[PDB]
Amino acid sequence: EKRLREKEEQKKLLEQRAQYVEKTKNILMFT
Amino acid sequence: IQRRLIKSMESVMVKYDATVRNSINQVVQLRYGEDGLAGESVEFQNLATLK
Amino acid sequence: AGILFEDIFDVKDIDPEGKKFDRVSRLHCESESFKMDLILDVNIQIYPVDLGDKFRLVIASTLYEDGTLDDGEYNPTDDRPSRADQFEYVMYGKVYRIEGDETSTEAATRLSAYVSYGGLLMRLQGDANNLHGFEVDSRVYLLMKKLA
Amino acid sequence: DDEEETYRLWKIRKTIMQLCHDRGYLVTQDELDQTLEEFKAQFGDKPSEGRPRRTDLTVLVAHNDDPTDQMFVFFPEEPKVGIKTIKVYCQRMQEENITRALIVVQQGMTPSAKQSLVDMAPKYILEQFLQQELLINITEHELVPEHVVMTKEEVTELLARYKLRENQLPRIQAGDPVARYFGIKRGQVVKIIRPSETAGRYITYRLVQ
Amino acid sequence: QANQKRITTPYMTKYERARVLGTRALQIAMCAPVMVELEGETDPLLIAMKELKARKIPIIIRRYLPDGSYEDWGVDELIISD
Amino acid sequence: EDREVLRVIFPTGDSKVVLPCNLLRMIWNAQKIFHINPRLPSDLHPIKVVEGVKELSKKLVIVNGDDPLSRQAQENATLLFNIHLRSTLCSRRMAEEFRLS
Amino acid sequence: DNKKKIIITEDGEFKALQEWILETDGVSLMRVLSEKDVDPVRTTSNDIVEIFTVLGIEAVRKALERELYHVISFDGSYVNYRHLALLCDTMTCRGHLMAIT
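Chains as they are written, first to last, in the deposited numbering: chain C, 862 to 892; chain D, 860 to 910; chain R, 2 to 149; chain A, 2 to 210; chain W, 46 to 127; chain X, 961 to 1061; chain V, 1315 to 1415.
Hints should not be assumed to be uniformly reliable.
[Said to hold, decoys possible] Okay, derived cross-link-like pairs now, EDC-like style, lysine to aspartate or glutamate, Cα gap no bigger than 16 Å in a straight line:
no., chain 1, residue 1, chain 2, residue 2
1, R, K147, R, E31
2, R, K13, R, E31
3, A, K12, V, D1353
4, V, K1318, V, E1333
5, A, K192, A, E134
6, X, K976, D, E902
7, A, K15, A, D34
8, A, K12, V, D1351
9, C, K884, A, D57
10, C, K873, A, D3
11, W, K50, W, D117
12, A, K47, A, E97
13, R, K147, R, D11
14, D, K910, V, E1327
15, A, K41, A, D31
16, V, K1350, A, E5
17, D, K910, V, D1315
18, D, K874, W, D112
19, A, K164, A, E154
20, D, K910, X, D974
21, D, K910, V, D1325
22, A, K12, A, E39
23, X, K992, R, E103
24, C, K873, A, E32
25, R, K36, R, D128
26, A, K88, A, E128
27, V, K1350, A, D3
28, X, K976, V, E1333
29, X, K1019, X, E1035
30, W, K98, W, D121
31, C, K884, A, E96
It is worth saying that the hints were derived from the structure and are not from the lab.
All chains, please: the whole structure from these sequences, using the hints.
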């Protein structure tokens, strides 16, 4: 169960990566 | 100081739903003393599993 | 009989810590027949006790020579044969503690019965074989007599 | 002059990440506990010359419940932030379609800028923070109990259980340090859980004003 | 308010006891019928306390709640401690 | 678990607390009322101690209600007392310390 | 021990660490907290107004309870905590510091 929860942590981490790769272009055209 | 304290807290009362409220009916404490117990019956004791 | 304990004690010390009360004195005594230590508070004003004295101590559950319980009430107009007639100093108290060297698994080899005679305290400690008659919150008598 | 500047930037970023995590925004554990040396590696250790510039410190997080509910954290360069800078940030938020932001100012913010932050609230909920008050996370203080923003369902359940109106709960100011930390507006109730020496635990509820 | 579910305490408060005893003692003093038997009592307070111990005081306590509702408890329905 | 809860409630090791019922005095009262012999084995089942303490805890109500919010407030209102009660009326203490029947 | 650092050893005992502490004659809690090697968790003040301005209404509630308790108990006296709690709730139930004036 702890392994599943850490895997959910990893999937959330890659989800934040998958949205950060969108957010960097907005930060780029910001300045 | 005594008069000031009294006039500040005079109407705070334990209600029949056991909440402590003032005259405006605003809630000051959801239970008296956070435990809903009167101060005459409580007494000093020791928690045996703390130390 | 109604006797919980009987032995002859020898006063080995009086007030090691110093005289605490004027009319009361603490005796630290030891017997010979059972090897039991005794701390006893006695009214030395009416029954003086000197160092090195030797006395017979009898802890009893009752004063009546026949097995008969007591009511704990003062009856001076009692004509029954009482064993207090055979002793000089008699007190009446209650057992308020029984200590021992018992462990969680082993029983007690040595016991220590504590008695209070209206505030005059006694501790009789020694082998647990000699202190089976003692039970806490139980009334007893002292029945102590000096001998030469 | 410079090592302390990057230390302050790292501390501010740490408090901001903790703040976003407590508001419920998606924050990875790695950036949640980022060592000062890791911060220097990722941003630099010479902010004075321009590595890192505060514009590189900008954060953009997404809410756990809604990926579209994102939030910005801007770090203006000027000590006293002016209305023009607020307009620039609002323009950027419009372009990127983001509706919430934090502005971590250094010295302060002009009255016109604050009035701009207040008037356009229904469009963009953008807050103002001093870098001085982000150098510490006040929620870690021993005096500060555990605050929890209740949901409208929870608030309705509370008022129905104790059978009372919102004006009968105790209050917390909208400008409270912890209310500002949790970014809560008027009408919201915050559940405070604190230890009690007479009961063990005590939950009280404060309405935001 | 649903009488099937009364949320207030099942105990009579010290103030409820005080006022109920005073009220019933005044009622007895004003020649109200007594609900319990009497050996020789002539003081209304003693008669009222005897009625309370017997749980035979014909009074209903209307306890008001902060929301405005109320709960009606018979003196025989409450737990008398003192 | 109660120990850790107390450790976070009282970060300084001060076990002096103010609570309703003096449980040690009540235990002493029970020892003297029923003439408990501390030297003899007891006839109290430790499972009876556990079950009785749980039912007692259920009967001590400061906040009335079956709803989850009332349940949590009830938990909080009597938390410290219930910890004191579970640590005082423990099965082991009731077996080798108090030796009640 | 009220100002020492009370920790819990790995064995589970309460241990009072004897550590350096600073007492200032003025208050800048806002600044002192944000200093390197300064504990931002236990560092406090006796100026309740600054506690309210820096930490908030519940922090000043707790601090005000602490300060009133310190004033009451310094002469060895003792007052039931519910009275201090009621006074402190009266001064803080409306989101601001309500003086008794």
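Hint check:
1. For the given pair, R:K147 sits about 14 Å from R:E31 by alpha-carbon distance, which is consistent with the 16 Å threshold.
2. The suggested pairing of R:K13 with R:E31 holds, with an alpha-carbon distance near 7 Å, which does not exceed 16 Å.
3. Between A:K12 and V:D1353, the direct Cα distance comes to roughly 14 Å. Compliance with the 16 Å bound is thereby established for this hinted pair.
4. Taking the CA atoms of V:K1318 and V:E1333, the gap is near 6 Å; set against the 16 Å cutoff, the hint holds.
5. A hinted pair counts as satisfied when its Cα atoms are at most 16 Å apart, and A:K192 with A:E134 does not qualify at roughly 23 Å.
6. Proximity of X:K976 to D:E902 is assessed by CA-CA distance (about 10 Å); at most 16 Å being required, the pair is judged to hold.
7. The hinted pair formed by A:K15 and A:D34 meets the criterion: a straight-line CA distance of about 7 Å does not exceed 16 Å.
8. A hinted pair counts as satisfied when its Cα atoms are at most 16 Å apart, and A:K12 with V:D1351 qualifies at roughly 13 Å.
9. For the proposed pair C:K884 and A:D57, the alpha carbon gap of about 13 Å is at most 16 Å, so the pair holds.
10. Using a Cα cut-off of 16 Å, the hinted pair C:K873 and A:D3 is violated, with the two alpha carbons roughly 35 Å apart.
11. Among the hinted pairs, W:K50 with W:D117 is consistent with the structure: their alpha-carbon atoms are about 11 Å apart, no more than 16 Å.
12. Distance restraint check for A:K47 and A:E97: the Cα-Cα separation of roughly 29 Å exceeds the 16 Å cut-off, and the hinted pair is therefore not satisfied.
13. Simply put, R:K147 and R:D11 have alpha-carbon atoms about 10 Å apart, close enough for the 16 Å limit, and the pair holds.
14. With a C-alpha separation of about 6 Å, the suggested pair D:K910 and V:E1327 falls inside the 16 Å cut-off, and the hint holds.
15. Of the pairs offered as hints, the one joining A:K41 and A:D31 holds, with about 14 Å between alpha carbons and a cut-off of 16 Å not exceeded.
16. Distance check on the hinted pair: V:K1350 and A:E5 sit about 10 Å apart at the alpha-carbon level, within 16 Å; holds.
17. As the CA atoms of D:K910 and V:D1315 are separated by approximately 14 Å, the hinted pair is consistent with the 16 Å bound.
18. For the suggested pair D:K874 and W:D112, the alpha carbons sit about 10 Å apart, so the restraint of at most 16 Å is met.
19. The suggested pairing of A:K164 with A:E154 holds, with an alpha-carbon distance near 15 Å, which does not exceed 16 Å.
20. Restraint check for D:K910 and X:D974: satisfied, since their Cα atoms lie roughly 8 Å apart, inside the 16 Å limit.
21. Taking the CA atoms of D:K910 and V:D1325, the gap is about 11 Å. The hint holds against a cut of 16 Å.
22. At roughly 12 Å between alpha-carbon atoms, A:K12 and A:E39 fall within 16 Å of each other, so this suggested pair holds.
23. Distance restraint check for X:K992 and R:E103: the Cα-Cα separation of roughly 22 Å exceeds the 16 Å cut-off, and the hinted pair is therefore not satisfied.
24. Between C:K873 and A:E32 the alpha-carbon distance is near 14 Å, which keeps this suggested pair within the 16 Å criterion.
25. Using a Cα cut-off of 16 Å, the hinted pair R:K36 and R:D128 holds, with the two alpha carbons roughly 8 Å apart.
26. For a cut-off of 16 Å, the pair hint linking A:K88 to A:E128 stands: about 14 Å separates their Cα positions.
27. For a cut-off of 16 Å, the pair hint linking V:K1350 to A:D3 stands: about 15 Å separates their Cα positions.
28. Taking the CA atoms of X:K976 and V:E1333, the gap is near 25 Å; set against the 16 Å cutoff, the hint is violated.
29. As the CA atoms of X:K1019 and X:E1035 are separated by approximately 12 Å, the hinted pair is consistent with the 16 Å bound.
30. Taken as a hint, the W:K98 and W:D121 pair is honoured in the structure, with Cα atoms around 10 Å apart against an allowance of 16 Å.
31. Between C:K884 and A:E96 the CA atoms are separated by roughly 12 Å; this keeps the pair inside 16 Å, and the hint holds.
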